[PDB]
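Novice: The lines below spell out each chain.
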Amino acid sequence: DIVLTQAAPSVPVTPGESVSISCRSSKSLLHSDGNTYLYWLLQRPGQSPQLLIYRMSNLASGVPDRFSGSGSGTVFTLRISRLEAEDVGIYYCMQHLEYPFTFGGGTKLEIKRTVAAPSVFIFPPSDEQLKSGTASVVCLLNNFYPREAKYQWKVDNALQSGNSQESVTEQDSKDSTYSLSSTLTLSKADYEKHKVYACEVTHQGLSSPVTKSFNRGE
Amino acid sequence: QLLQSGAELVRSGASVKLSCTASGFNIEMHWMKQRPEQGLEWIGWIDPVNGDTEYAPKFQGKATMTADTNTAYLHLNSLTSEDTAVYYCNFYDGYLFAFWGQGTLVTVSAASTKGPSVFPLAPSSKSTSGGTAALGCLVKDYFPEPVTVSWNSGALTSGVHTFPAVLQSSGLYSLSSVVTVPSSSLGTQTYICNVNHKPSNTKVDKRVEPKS
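Quick note, the sequences are listed as chains A and B, same order.
With our numbering, letter number 88 in the first sequence gets 110, and the count goes up by one each step, no holes.
With our numbering, letter number 119 in the second sequence gets 482, and the count goes up by one each step, no holes.
Wrong hints could be hidden among the right ones.
[As the list claims (entries may be wrong)] Derived contacts from chain A toward chain B, CB cut-off under 10 Å, selection only:
(1) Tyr61
(2) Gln69
(3) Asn80
(4) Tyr121
(5) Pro122
(6) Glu192
(7) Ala211
(8) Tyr213
(9) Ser235
If you are wondering where the hints come from, they were derived from the structure by calculation, not from laboratory data.
Note that CB positions come from ideal geometry on N, CA and C, so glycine has one too.
Sequences are here, hints too, so could you generate the full structure?
Specialist: This is the structure:
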């Protein structure tokens, strides 16, 4: 079938400025009735896709003027002018020509913004969870930019590894920051064998590394 | 506006039928498949009135589409782990009015459905930031995906982060949903997370409170 190529990762853009995404194809992209059936779609994080431009260069319902599609032959381009922080998402190109309708590898649009230090929070295990056999300790790194951040779990000043797991939010649609959570899982007994639990965070936006901590029983 | 009834858990080798109901029109539909962390893929096309159904090269023997006139149906069979994915039904009208459903997750696994435990991530304010304080809900040890978290029955949405679920080595899923909140408002105002895990018929309202 026809191969569509986006071949474009981040290179983060600033709001207000413009940016273009490419779609490299192999076929004519011209139905012998006048039209070209290249389509641009956006999928916002955790949402169903939506239509941007339908015939290579025509605008669907709602999409503002700043979006323009146009290319040369088989290399098509979507240009977004006056970038908003809510334009984060994955931009896919599809076609309605050869009957196996094929998408491209999409492109993730990352918006640039001013360095933001993460706000750090630590949550000890609930007593209810401690009734059972496990103790979960959560560390939150809220609303930071850029993506690269570093954290270390520390039980009575000793490094931890193997026993932690992290999840990361997508770039926010409104303030274009990232958030991150790490969970440290221990047996109840092992948890009761120690006092100081600490999360230590290092980020570009921090003067020195920040350390949030608690003590078993308060 | 069109919804599709999803959240399916089936064992490797079974078969499923997914619905797709329409609350506005029914002409022109299309199905698509998205691997949990991958690009979109095209299933096929069905004409609402006449079952004229083209299919993709890899869904020929797998996909089968029907319509009742005011819903559409997609039946898959012989499901492997490579079929664990989200399935969308979309009805584009050829011009500028393409609609899409919220998707249907199909998990292909031998694992049993397990309801989640919901634990508070209690704020302190005394031992928290100065301006705002973070609280949350840990939704631990559930299968299959997905779970959905809301706060104060959808009323509280500003500064809510519901994280992606992580699959633990135990083979069970677990996600955290946090929200930041002015520390002044603590104790006085109520914060409640509403966890919903449809595959196990589990709804939990967990009141998150400062530690006493």
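Novice: Each of the hints needs a verdict: does it hold here or not?
Specialist: Hints and how they fare:
1. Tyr61: holds (9 Å)
2. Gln69: holds (8 Å)
3. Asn80: holds (7 Å)
4. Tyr121: Since the shortest Cβ distance to chain B is 6 Å, the answer is holds.
5. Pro122: holds (6 Å)
6. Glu192: Because about 8 Å separates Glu192/A from the closest Cβ in chain B, which is inside the 10 Å limit, the hint holds.
7. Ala211: Violated. Min distance 18 Å.
8. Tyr213: Interface hint status for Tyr213/A: violated (14 Å vs cutoff 10 Å).
9. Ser235: holds (9 Å)
Hint violations for this structure: numbers 7, 8, all remaining hints satisfied.
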